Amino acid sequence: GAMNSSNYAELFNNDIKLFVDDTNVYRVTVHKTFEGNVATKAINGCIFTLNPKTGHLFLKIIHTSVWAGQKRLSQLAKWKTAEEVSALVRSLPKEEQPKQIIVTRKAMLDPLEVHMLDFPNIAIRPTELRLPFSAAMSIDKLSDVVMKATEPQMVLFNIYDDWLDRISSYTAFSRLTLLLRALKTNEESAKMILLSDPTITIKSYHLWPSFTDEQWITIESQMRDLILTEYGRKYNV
């Protein structure tokens, strides 16, 4: 059924699985019209589909043209997401297809289940974890490819860079979720932490800086402090 803290190591076993986050698919700016009404303008979005064991990220860029002339866009967005996930699965060799797909929002369950009826053996599950994948667009290289896209496009990344050479998937996922939680809580402070030291750079083929093991421990601690700070500033503690 649902995925929670009790069955958390399941993410890192050898059954292929994918997380799907749709929170950045339909993105708008709200603004005033010349007549003083309010209107939205869509901007490019993305589906965030992640294998938590390998770090493989299938970033499907959602170009604003897909919304043209369509109604009820927030509902369409869930069905478009499910359509694209289903297309991705069909594109993969059978031995690479996931055995489970975990959606980060329960409103994706029925859309994905319907699109995946042809795959009765693939389990579609919710999660009680509140995962910070909405902050994927605070990773500069992912945000850049989304905003520059002029047409629908899929781009593949490893969201763990080379970390798995040195740490386990469990630890790599914990790092990722801590980094994204911090970026979600205070993007500017998080980025300052990540890029303060100009001698630590981001390789052309990476998303995150080339921290040594020691430095990652320092970084990870600083990101905890930030999350604690904002929790203090927020709740006045």
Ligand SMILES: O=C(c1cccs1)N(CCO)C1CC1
Second form
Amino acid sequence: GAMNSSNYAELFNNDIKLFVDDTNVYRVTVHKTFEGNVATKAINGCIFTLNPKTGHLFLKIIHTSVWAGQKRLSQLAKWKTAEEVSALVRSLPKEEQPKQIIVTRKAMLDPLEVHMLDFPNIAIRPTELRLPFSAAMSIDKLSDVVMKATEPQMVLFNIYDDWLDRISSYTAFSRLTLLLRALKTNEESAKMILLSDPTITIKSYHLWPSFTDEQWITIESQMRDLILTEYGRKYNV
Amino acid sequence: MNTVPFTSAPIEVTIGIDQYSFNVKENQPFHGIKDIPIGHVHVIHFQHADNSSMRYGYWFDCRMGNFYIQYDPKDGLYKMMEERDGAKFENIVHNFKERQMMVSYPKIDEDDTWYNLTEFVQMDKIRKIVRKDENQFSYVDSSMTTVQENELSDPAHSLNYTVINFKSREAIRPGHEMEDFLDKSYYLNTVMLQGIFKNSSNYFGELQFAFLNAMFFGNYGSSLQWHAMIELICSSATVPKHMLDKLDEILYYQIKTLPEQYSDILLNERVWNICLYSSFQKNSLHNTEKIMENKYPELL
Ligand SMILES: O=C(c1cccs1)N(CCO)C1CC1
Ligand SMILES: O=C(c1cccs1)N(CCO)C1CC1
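Form solved without this ligand already given; the form deposited with this ligand bound follows:
Whole complex next, starting from this chain.
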């Protein structure tokens, strides 16, 4: 069934699973035309496909050329997402294929189900949480590779850096979700927290700064505050 | 005009013949139904007074043999049987008619309702959906499940309707996932019409038979099948114009005949609102949309 708070540790068991988020697949800027009408201009996007146990991120970059001459783009975007996820699964060795794919938006269920008919033993599941995976384009290195792309491209990352050397998947995913919630809630303040100290660097092969265990506790506390204040301050409290 | 005699009526029962019905009291001198119009299939159906559970009945065509009803006190139901001795049958019927112990099929002359509900329904096709080849007539009841229902448990007692499944490899060509899911014309015209049913008449016949079993027996799997066959046409952008016009007539008469007090269980809100207001054919079912809006505006 649906993935929710009640079955949260299931994410970190030994059944291979993927989250798929399609929020950033079809991205536009809205602008005025010379005649005073409104038009969209598409910009590059990405599918965010994440193994929550290992941190492996399959980032399929969606180049704007895939929209050329097409209609009903927001609908096509869901089917394109399902096509690419299905292609990714077929490219993996059998023993690496997922047993479940969890979609962050219910509108992805039928497109993925149809594209995965060849895989009757892969469960396609919705989630009840409002997971903040849309903020992935607030991660600077991810945003950079998406916007620079000149053609369709898959880029692989570990979204946990080296954290799993010191913490469990359960803790790593919780830290990721907290950082993404911070980035979603107030991007500027969140990014100030993460880079304020010039002595804490981001290794070339990492996405996040090299915080010590102690520094992560401080950082995570600061993200909770920013998110607590804003949840208070947004419900004006 | 043919006759279905009854040996007797030992238990109190509501007997239906097509869209008509009448009450027979325990041990009342009822000996059958006469003046049944030749040229159509018919259904004779039963609801016992004690146990309104289990409506059941028989589909038959008097051109295919001489049929009668006889109550079985062991199995507790009225059974259809074939009489092979033709002179014995004529002699029985003639005597029951002389003693005026039969009800008359009560068709009004202007009234085309039964033809309109059974236009494409043929005994030969009923007998492939309801498999029991030693009989020329077919038993159906409220509880019987469909083959597709059994895939999701006695195979001999099943309704073998054509399986329709919109998220199936049969429905979806590799490489046309989005196209075929959003526009089911491929599945309708190539897979089902050209491949399985061979023509639109057999498709309509199964659709009409499914509706009639839903209405007369409350058969839930039949109702699912009727709505699936409607939805498959409405969700196809490319349907022959003659099929759309005929479908509108078919559904019009089904909706016209449906008891108003059964509409809540027998009509699926999602399918009908999709078909009439969102689908490719939202503007192709004028008669059906007008009777639905005037008779069941709540559903919509
Ligand atoms: O902060 C939390 C909270 C847990 C329990 C109350 S807050 N996160 C991120 C961990 O740093 C996740 C739910 C565990
Ligand atoms: O605006 C917010 C939040 C603000 C601050 C922390 S969460 N939410 C969370 C729902 O309560 C919106 C749904 C996206």
